[PDB]
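Here's a solo chain for you in structure tokens, the form solved without the ligand.
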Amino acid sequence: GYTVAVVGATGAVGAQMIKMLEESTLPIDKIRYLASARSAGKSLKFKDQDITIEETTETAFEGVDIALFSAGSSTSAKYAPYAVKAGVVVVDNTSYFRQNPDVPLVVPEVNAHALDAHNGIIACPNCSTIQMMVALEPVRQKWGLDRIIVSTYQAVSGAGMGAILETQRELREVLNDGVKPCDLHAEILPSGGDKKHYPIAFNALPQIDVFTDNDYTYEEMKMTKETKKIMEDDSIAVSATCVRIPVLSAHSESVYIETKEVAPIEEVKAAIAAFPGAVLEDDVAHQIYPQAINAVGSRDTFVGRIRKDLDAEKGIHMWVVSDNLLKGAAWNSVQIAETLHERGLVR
């Protein structure tokens, strides 16, 4: 079997990486948990076994076959090159390598073939991008994609364990202590690395990550650029608005597309239902549609509210929901690792 390292094992994504690995078809002989110096010496479970957390260092990757990185871009930038040098195959969940032309950016249902070209590093895309790609690839295959306009409804677990706990405390202060939402103290959201912090309780924050020079945030531009790379087509026009809402896990997206050919709605529904990783949940006569609360804990991406635009001949609207820590992060990463094993690419 393999020796597998989880870098960032103690975080929100890390904890789900552990869960996905425990349930994986990857043959694992040895498991190692890496994090920062302040987590070193603590213990975490793998199934029934206690695993000592180790400090991530430049020489910590000896004997590792596969390393799953989910410890921030800074950690990946610094240590992933040393891992690769030592012969480790790295699956990276951060944004650092995503736009490197020698790094495949992979959603296995959509572009697993790109794994064949890897030179030691595979990048997992952004959580919001991944679920959109699972929903839209089956449509692209049959009728093409001219453009995408998306507005997201993103859960706080995407911003890490600290964000989850800040959200819970804020909500308790309002509901139990009577604090006005605008008077809440905040330290993390919308973005840990930005200057000002705002409450998320009973709010909708139109900022994920920091702003770029074109007044879209890095999150919004990630959806644009990663879509083009994953679908291998720079002609697909993509513009996004990414909003944080008071949901702990599971991202929702209002997705508008225009296809290249008119795609009959019932055929679109059947194409999505037929696509591995996508589940059609769409029966408005019985109020059936994807919901964040029902999607938590499942690896599937759920699609509904599928309907034609009222005016644009080739326009289609839909609602896409997935667990942002599973398919959006830890499951996509482990699924990459399984695909690497299944295709003889752990070399």
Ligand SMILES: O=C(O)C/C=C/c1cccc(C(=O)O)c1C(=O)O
Second form
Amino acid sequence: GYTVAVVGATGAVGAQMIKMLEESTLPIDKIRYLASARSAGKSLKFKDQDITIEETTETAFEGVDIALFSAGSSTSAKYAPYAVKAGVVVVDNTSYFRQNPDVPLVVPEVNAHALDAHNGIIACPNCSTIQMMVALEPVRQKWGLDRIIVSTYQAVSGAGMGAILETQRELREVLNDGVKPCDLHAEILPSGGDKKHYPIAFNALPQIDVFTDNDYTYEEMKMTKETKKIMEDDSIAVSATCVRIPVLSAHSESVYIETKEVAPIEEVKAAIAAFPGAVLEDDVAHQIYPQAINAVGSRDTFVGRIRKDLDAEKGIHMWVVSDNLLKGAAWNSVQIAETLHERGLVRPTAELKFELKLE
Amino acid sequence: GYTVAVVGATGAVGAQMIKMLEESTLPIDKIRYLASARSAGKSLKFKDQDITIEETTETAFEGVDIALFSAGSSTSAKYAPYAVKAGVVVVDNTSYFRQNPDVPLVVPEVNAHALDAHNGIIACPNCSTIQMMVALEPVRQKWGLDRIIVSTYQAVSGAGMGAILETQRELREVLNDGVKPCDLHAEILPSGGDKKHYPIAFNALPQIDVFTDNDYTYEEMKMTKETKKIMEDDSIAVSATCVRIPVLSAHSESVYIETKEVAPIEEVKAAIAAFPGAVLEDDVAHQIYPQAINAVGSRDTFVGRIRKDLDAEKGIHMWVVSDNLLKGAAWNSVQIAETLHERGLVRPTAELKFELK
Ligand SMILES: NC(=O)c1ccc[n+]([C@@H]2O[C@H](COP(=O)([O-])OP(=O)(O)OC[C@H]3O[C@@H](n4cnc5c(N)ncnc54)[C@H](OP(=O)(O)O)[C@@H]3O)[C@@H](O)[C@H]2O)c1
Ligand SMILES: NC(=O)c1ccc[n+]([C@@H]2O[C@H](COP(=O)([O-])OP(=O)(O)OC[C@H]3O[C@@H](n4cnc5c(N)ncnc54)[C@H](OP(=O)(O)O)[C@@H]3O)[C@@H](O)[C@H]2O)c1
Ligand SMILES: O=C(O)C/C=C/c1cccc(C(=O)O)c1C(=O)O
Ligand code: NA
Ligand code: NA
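To test you: the structure above is the form solved without the ligand. What is the structure of the form deposited with the ligand bound?
Full complex below, order starting with the chain above.
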């Protein structure tokens, strides 16, 4: 069996990493929980066993086969290469390595083939991107993809435990204490690192991550660049608007595409239904469509409201929902680990290709 | 001065109609409040004055100069033609008369000219449509509009007072009693008239109004058809996805357009800023953009996140927010009543064009 390390075990994603590993087929002989100085020393369960949380360091990875990183870009940047040097295979949840040509950016249903040539780090795409890829890959396979326009409806848990607590606190102030939404004090949303913070309670915030110099946010640009890389096709035009709404868990997306060939809607429904990881929830006569609240807890990605555009011959609209901490993060990661095991790819990389940041 | 009736004074829109009328320049000699049998006899303020609510009937409209209807399609269908017969000019917030070619469908900043030839009923468009017209008309004026793709983020007040209360109750159950959202009981959303009801707390429901034969909802199709009539151009391609989110007041819209000619973004910003009823809130260096919670209570429509498509030469994306009960409903209506007064159009109509029911 394997020695598995979860880096960022104590946060929003980490708690789901733990659940997904508890429910995994991976043969696990030993679990180790890593976090920051703040949590180092506390205790947390794996199944019935108590595990002591360790501060993440350059030397914490000795004897580790697999490490799942969900502790923020800076932490992956700093310690993931030292894990690779020590012999680990890393599955990284953060943005840091996603656009690195030496790193497979993987959604196992779509591009598991990219895993074979790994160099010790496999990157998880962004949650919003992952569910979109699960919905669209079956379509792309049969009728091609010319362009995508997407407006997202993103849950606060995407911004971490702190953002969940902040959201809940704000809603309680308004609903129980009669505070006006515009009078609320926010500390984290829309983005913990940006300069100004706004309330999410009864609001919709058209900012996720920070602004880039083209006036799209990094979240929007991630959807653009990550799609191109995952589908191995720079020609696919992708523009996004990424919006936070008062939902704790599960992202929703209004997705527009234009195919290369005309894709009959009833065949699109069938192809999506037949694709692993994607579930068709689309029966308007009984008001059946994906909903954030029903997606929570499921590893599947749900697709519905599938219909042709009223004007564009090759245009198609749909609604895609998935739990952003499961398929959007922890399940994708564990599923990559499982796929690595299946393909005999859990073993040390001889040649280090990633900059060591701590000398 | 005028005698003004508010039909549906007791509901979510009615309450704002009262507010907008209280704050209006319209010379009002007499105010009357009309609702259902079950509100008749109740008292409701107009400023400091106590007004007794009356039941809406076929003969309630004698002496009325202006009637603002926001009592539901069925109520406008039944009584509006009788109001017109009594010599009223009706401003209707409902969908019932919107696609009647004898009925102007008006956003006063966009197509005030359409008021002049009215036959006693003016229709206010759908809330989601109105804010989009305010944002896009100044762009259309300078560079044309070829197509629109919009995804909405719509407040629950759009489905009425009952929906607001249901949403508040749901949220309280999850936050205070630890109910899982998927175990909540619902009775109104997504649509009161449809067969099945679903929770909106911590949800996003991709259904507003009922489904039509083509698998778009009536809300989505109203956005398409109303745009074409307002802008007087059936060639504008319009497709919508309308989604309810857990916000009580103010609709937000992610809008994508393709113009006929390329529109420099700084000029697009300037045009919108200069358009009456539209306010530019767009300074991403300081994270300035429209926000539902900031829009609540304002008559203005706020526009931001304005940017070129990454690939389509003539493509532009933006974010448009407005209070759905003000510009989306009660303010658009009062503003039509004010424009009618300005233009000397508050007078009986000779020709009866609407069948008595
Ligand atoms: N695939 C996706 O789309 C997706 C979705 C969500 C998140 N993510 C990624 O996962 C990261 C964490 O997300 P989250 O929502 O779980 O955040 P979170 O709830 O804020 O938790 C942050 C976690 O990182 C740990 N951490 C912070 N600084 C550290 C350091 N210097 N060394 C070691 N550990 C450190 C924290 O440990 P302490 O308890 O000790 O602070 C905690 O376990 C995000 O920053 C993002 O990069 C990806
Ligand atoms: N009296 C009651 O117990 C009662 C029962 C049901 C609904 N309502 C109204 O509706 C609200 C409940 O939620 P909602 O979402 O349904 O309201 P809403 O959409 O916010 O407003 C509905 C409006 O249409 C009016 N209306 C309904 N039937 C009518 C008729 N036959 N003739 C003239 N006007 C009519 C209502 O007046 P009415 O107040 O006369 O209904 C109300 O002003 C209440 O706040 C109240 O305004 C009242
Ligand atoms: O906000 C969301 O819905 C998803 C958040 C993702 C996220 C948040 C903070 C940092 C990062 C990051 O690693 O840069 C990321 C990410 O792209 O995975
Ligand atoms: Na499937
Ligand atoms: Na094998």
